[PDB]
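Below you will find one chain, with nothing else, as structure tokens; this is the form solved without the ligand, and questions on how it binds or moves follow later.
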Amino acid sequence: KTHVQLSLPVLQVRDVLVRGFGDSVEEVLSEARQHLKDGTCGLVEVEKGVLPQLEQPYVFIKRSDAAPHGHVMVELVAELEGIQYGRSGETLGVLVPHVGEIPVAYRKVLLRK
């Protein structure tokens, strides 16, 4: 399927134990996609102070349309040293590995895969 419905646990940045997916733009997009598939991906909502507490390269989910069955359609965009790889809409948050942290909410998305 070209899109998959996921509900992503929303984590507070200071709870996150593994603060990024890897060391290159290609690796973090790859690992993010794998973790999304395996159900082991969390979401940190971006506010002042958040991104410097996380590890670059970042993986964002961004809105890719103006929303079926309650799920916002999203796509991945990576960022490294101020340059983004991918082009999309508003940021919904930054993805991180989930290794059992307790979420504050869940965010329903329709992921372009």
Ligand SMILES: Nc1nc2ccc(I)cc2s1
Contents of the next structure:
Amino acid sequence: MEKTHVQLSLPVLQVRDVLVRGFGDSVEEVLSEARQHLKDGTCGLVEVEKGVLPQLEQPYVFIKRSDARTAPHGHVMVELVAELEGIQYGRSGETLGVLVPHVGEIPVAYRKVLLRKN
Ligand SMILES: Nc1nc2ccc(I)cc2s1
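Please give the corresponding structure for the form deposited with the ligand bound, as opposed to the form solved without the ligand shown earlier.
After this comes the whole thing, all chains and molecules, with the earlier chain placed first.
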């Protein structure tokens, strides 16, 4: 009975602090693990700038904006899209960041999102 969307506040991490630099070894695994870490409260977000992606591990999981009107309760509506070797699995809007495991690193901010659970 999972609701279609969940309001989450994600810790924003600096890339050089991240200890576990991705979720796994295949597109299906990284999407699965991302969704589990989101449910457990153990997922962080790295904002993408020059130099960030080469310091993280593929496949990547991005959170991308899913619409233009829903910022319900101050949370941007987003969905997950994976990337491996330049091919994306999903099509969505602008990237808010790359998701990574959170294992206790100190964040620099929080990003409020309304996440589509599949
Ligand atoms: N299918 C499911 N994916 C997710 C993603 C985030 C959260 I919180 C719960 C679930 S259950």
